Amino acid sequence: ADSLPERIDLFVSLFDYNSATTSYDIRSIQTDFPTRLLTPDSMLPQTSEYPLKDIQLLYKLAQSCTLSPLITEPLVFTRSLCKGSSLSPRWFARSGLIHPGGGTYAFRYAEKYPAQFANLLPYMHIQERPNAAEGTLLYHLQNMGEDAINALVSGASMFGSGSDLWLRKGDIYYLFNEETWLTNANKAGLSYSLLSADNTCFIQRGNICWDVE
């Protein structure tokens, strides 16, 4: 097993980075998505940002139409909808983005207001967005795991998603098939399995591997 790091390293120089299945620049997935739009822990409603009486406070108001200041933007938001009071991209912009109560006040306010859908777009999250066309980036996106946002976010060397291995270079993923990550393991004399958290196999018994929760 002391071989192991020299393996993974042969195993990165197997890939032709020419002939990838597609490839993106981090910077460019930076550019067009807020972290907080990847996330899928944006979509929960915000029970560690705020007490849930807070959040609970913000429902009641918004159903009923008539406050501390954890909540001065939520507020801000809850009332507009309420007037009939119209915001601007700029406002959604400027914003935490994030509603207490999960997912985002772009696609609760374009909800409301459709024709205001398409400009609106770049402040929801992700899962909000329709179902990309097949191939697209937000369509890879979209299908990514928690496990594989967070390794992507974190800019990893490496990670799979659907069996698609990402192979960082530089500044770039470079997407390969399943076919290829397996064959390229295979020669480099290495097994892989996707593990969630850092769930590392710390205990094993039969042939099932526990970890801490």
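Take the two forms, find the largest set of C-alpha atoms that superpose within 1.5 Å, and that set is the rigid core. Residue numbers count along the first chain shown, from 1. Compared with the form deposited in another entry:
- No residue of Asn18, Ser191, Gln204, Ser13 other than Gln204 has its CA displaced by 2 Å or more between the two forms when the core is superposed.
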Contents of the next structure:
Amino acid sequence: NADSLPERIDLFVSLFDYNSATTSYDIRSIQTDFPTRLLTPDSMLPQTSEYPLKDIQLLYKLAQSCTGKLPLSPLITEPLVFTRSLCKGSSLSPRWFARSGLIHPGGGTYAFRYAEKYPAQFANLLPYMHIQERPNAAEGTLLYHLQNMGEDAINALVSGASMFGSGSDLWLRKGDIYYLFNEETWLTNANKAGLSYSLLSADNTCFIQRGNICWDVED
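Hand over the structure of the form deposited in another entry; the form deposited in one PDB entry is what we had up.
The text that comes after this line covers the one chain and nothing more.
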């Protein structure tokens, strides 16, 4: 038959039984237990687009020697407080980690770096660490699915998309609940609705780009 592409997507969604899902998660529970900065993969990388590079460099060299020039910019206030606390050896309460901003300018979280110096505090500071910094969770748990999510799946989850795919699981949103279905159900209902799909891939993007010109070899 001939149903419109938006109508075939709605038909695809209506074929699912939300009570037959593998598991389900409440969006509000995810937002409460996992701040966005602890899910996005870019938080693990140096924050070279947030801070001036000189301040990241001044902070790095200050941490290596615990002496020298202090970056006193207001943007680097909390990273400076964290850096000088590790040097002298003063303690940082869990309340400080809750308001500090979580993410260190060099990549990663304050809590993980603090736990590397004080290993006994690792368990108590886990709620303030990036999901990639926490131990590998057991299969079937929420943290397991989050740790195996690519950047596209994370952004779709954070933005509350109607649906997204992560590995072999299809996530469907209805209200404040995400319902997970396996690959076989995803393929079956997409085939019943006369639909084909592909995940968002960088294979379309050209990586040899000058201005608005994509270059390629041609012998």
